Amino acid sequence: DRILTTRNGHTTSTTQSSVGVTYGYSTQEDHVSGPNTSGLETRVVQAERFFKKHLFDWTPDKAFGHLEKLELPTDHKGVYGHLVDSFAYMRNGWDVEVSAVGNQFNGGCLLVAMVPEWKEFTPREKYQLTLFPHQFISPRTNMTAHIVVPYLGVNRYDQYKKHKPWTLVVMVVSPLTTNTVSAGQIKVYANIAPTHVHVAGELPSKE
Amino acid sequence: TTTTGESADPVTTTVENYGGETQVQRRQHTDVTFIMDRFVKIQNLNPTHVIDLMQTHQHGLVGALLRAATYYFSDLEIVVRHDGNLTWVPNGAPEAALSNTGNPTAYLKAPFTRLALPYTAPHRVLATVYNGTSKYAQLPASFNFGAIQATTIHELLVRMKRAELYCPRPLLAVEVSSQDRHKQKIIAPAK
Amino acid sequence: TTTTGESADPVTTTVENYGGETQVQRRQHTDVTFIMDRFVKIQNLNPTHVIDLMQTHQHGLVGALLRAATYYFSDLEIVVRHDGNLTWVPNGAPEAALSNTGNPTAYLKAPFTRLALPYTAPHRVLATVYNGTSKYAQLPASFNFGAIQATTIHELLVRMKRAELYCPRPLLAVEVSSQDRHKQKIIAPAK
Amino acid sequence: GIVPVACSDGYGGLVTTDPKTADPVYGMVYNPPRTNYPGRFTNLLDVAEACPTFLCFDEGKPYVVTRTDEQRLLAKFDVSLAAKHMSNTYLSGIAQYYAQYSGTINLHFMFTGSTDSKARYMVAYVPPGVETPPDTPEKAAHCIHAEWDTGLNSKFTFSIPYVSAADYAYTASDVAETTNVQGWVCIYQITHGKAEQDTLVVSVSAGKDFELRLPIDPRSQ
Amino acid sequence: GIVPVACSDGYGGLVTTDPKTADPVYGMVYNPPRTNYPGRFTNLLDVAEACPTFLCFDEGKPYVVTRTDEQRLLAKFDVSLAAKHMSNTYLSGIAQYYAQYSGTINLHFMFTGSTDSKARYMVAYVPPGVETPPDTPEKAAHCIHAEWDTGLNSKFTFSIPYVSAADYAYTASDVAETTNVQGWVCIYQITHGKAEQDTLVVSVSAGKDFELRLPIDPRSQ
Amino acid sequence: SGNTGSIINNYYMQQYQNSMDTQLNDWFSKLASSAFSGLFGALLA
Amino acid sequence: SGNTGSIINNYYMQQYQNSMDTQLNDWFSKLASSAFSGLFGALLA
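Residue numbers (full-length UniProt numbering), protein chains in the order written: chain B, 298 to 504; chain H, 726 to 861, 881 to 935; chain F, 726 to 861, 881 to 935; chain A, 505 to 725; chain W, 505 to 725; chain U, 216 to 239, 266 to 286; chain P, 216 to 239, 266 to 286.
Isolated chain B, as found in the complex:
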């Protein structure tokens, strides 16, 4: 079964070239009600839905090791984004779909990974990014990678304006190859949904 439909709230995504879903580090969330929020946290399901971001253009000239990253959360102009401005503390996991649409006559390979506590990796460390939750996108096989990760961090709730626990990373493993019948470049997009969104500590209004 290569055809998968994912639903997050009133948004869905259907892909006919998937290689399944990779769960990173766990298949469930730690407890969302601990001592640090004194039972004042609440869940906001209206934020649990897909938002979109263009990551980069995969062109033939990008060599092995070329890396593009997106720290999460990112700027969000919807419900999730308003939560970041209205509550002091939050926690959520991520449901991540990355697509790279060219055609089956393209060759090459991208590594898609979710990295906790991002730090710039040296060139030698790039050979080991598969230690992190990941999938590959290779035109001969799939156009979509799908990874699901839980919230984590030294603190049970976080202040996202000060710390970003997860970073989506896309790295060229083998360069994009082109033919007379292939696409000439592939635009890479992310379709991301925050999961199990909890907030605590309502803030005053700015005016």
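These are computed hints drawn from the structure, not numbers from a lab. Each residue gets a CB set at the ideal place from its N, CA and C atoms; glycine is no exception. Hints may be right or wrong, so weigh each one.
[Claimed, not checked] Stretch-level coverage of chain F by chain A, calculated; a stretch enters the list once three of its residues show a Cβ under 8 Å from a Cβ in chain A:
| # | region |
| --- | --- |
| 1 | 756 to 764 |
| 2 | 907 to 919 |
| 3 | 923 to 935 |
On the provided structure of chain B, position chains H, F, A, W, U and P as indicated by the hints.
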């Protein structure tokens, strides 16, 4: 074994595929708690010193394995060679407290002092990397095991007890230029 | 919670009033016997010294908590660094007795002498403040744990054992002038 | 032969907080009885919960007062055991000897006006995350808050909740932290009727789950 | 009297890996809960088995490629955890801290060509005993080997067997050993069809019976 | 009792280690336990 | 637990020797155990 590589599902083929036989393995030496449980040097010292495991050497056995994890937890043992009495204060204490006897203070007894200390951070686990700031690169100041002070601190060894590691990160061997193998003098009998 | 404040009846409202949830608390560290049970310095010494807990420093952990009680009881441990032999006599002894060997006398053994002593006052409890005179400000002379004498007394540490405190009294933090918070250097990792 | 032992390097030194006992030297002492001596306390937090002590506002007054009947911020203070306003309280006197705490802190408000003076007040807990505390009841309404008026019962008590990233917070405050790490408490007067010279006395006590841990000896000695 | 003991010469010194514990000094500390924190690993080899990491070929590429459709040796490397090609792998990163190993090492081959590119490959394990590795698939056919072609499944995995005189082998390599003590792995392209710019990505993981023993601290510090 | 954590007994008898109490009670614990909580009046939650 | 091999108990209580954990899981062991082995397809052995 043949599979879909893109899915990234673990695949562990064996010699049975071509008629061999998989043997018994004993992995006690690569057990995490066991391997981290030995003393290593801290090295950059001052008479007032905040205990931070990230000050272990990055290529040392313990320092490298610690950096190959994102989060960790452990209790601690320290061996300190010092002049004067040694005082320790927990994570969060005002530096000024290091001057008082009411905090655990060890009176000098040659050749050095060995103590067992509990984890005292306010976080459920600590991290070796932290992507963000802690103030209103570096690690938040709260990532420590307390601080010690003596007239002079000559040497400090730390030992992680009942260690737990989470979320593996890259761990590198020396880079090789030989084009075939990194070669070095392995111990061998004289004459 | 709404109440009659004048009656002064204890009232302890909780976060449940507005939908929160009260958590579990572990208060071992504020247990009285536990907190007083550690060595602290006495400081103003002489070769002949009457053991009086009121000579602990008023802002020290033990000295401040002791002064935050009106009456107390405890047994004692002392650590004494001295030249010569150390003699101890109980509460009520003539000072002259300090010169004789028949009273508990500890022969010098480096680096110092540690002893367990019983409470020996003639009163059921002692007090940190006493509103009146004892002769036929200061505390009655009978409020002590005996006396010690050596050729020289270099250092004296005391430790309250199985302490009991009664009738709380004011306990003050440092006064603040900052107008917002008392700020100080909290220990944090180097570099 | 006899038992062989290894006297071990690194052990045996005196540690001021060690968990062992000294050797005794003077036995059989029986004490005068002290059965049922009154006023005993066995845990500092029992006292801290039961006996609220006064906050300190401008000019060393344990109360706030206002002469205008308009809505106004009567006081704002850091949720910190090292706050200026908490500096004469028993809770802060105890907290200075521990490195960390978590749990509820209870504020008590007692109105002392005459029978013909009435007022309506509001208290809000403002978490960290904003530059400055809200100056009006309207902006603060979006925070966790309580409003109450004066009447037969002169006292109102409100729990300041523990809401933070980590499970424990430091009792002391560092020189580097500019705005308070745990947020603020803001007390407003919504309005009043003939309450110009009348005051609101404020005190603080430990809540049911308030906890202090890791004993320290920090004062200059 | 009291117990007589012999304080024994030669015992009691601190040894950095001793199996005893220090005396405690600060009791009753309860930790924030960390129940079910995700991503825990309790043995380094669980990680090494589950997460293959990339080999390093000429010019720092995790793959081999060939432009001719003729049969050719695409790569040859020493079966050594100290091999140049293994130098950026997690398996070698762990192995440097142990003096010896035994057991299976698994190689993974992932073809990344377009749908219209096809190839047939061969991997052979050449034990010690010959001067130089075979340069053609025909000579290498007499060794333990596997051949496979590209298709719907892009990945092929092959176990490098542990075959040696002794029960364990050294993880490091000595300055005196000229040809590798454990043999070689040779990867050949039998032929291909329109696969000139297409690559074969190679990674390595620990096999089921791979084992490391005798912890050492060898890096320059 | 207090800050002591030896799993093993004391080598000395109690009549020597400490003074012995004779007979002829936690007030603040009772006081704190007796505190009012909740509200007062009528709730409309 | 770890690198310790005394046949005899510890002289000190656990509440002193170590910190105590509270409650409110080996991911990589599960991940490795779950790996596919064998082949895929049809064997002609």
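Whether chain A covers the region 907 to 919 of chain F (at least 3 residues having a Cβ closer than 8 Å to its Cβ atoms): holds (count 11)
Given coverage of the region 923 to 935 of chain F by chain A, checked by CB-CB distance under 8 Å (3 or more): holds (count 9)
Coverage claim, chain A over the region 756 to 764 of chain F, checked by counting residues with Cβ within 8 Å (three needed): holds (count 6)
The earlier numbered hints are all upheld by this structure, with none contradicted.
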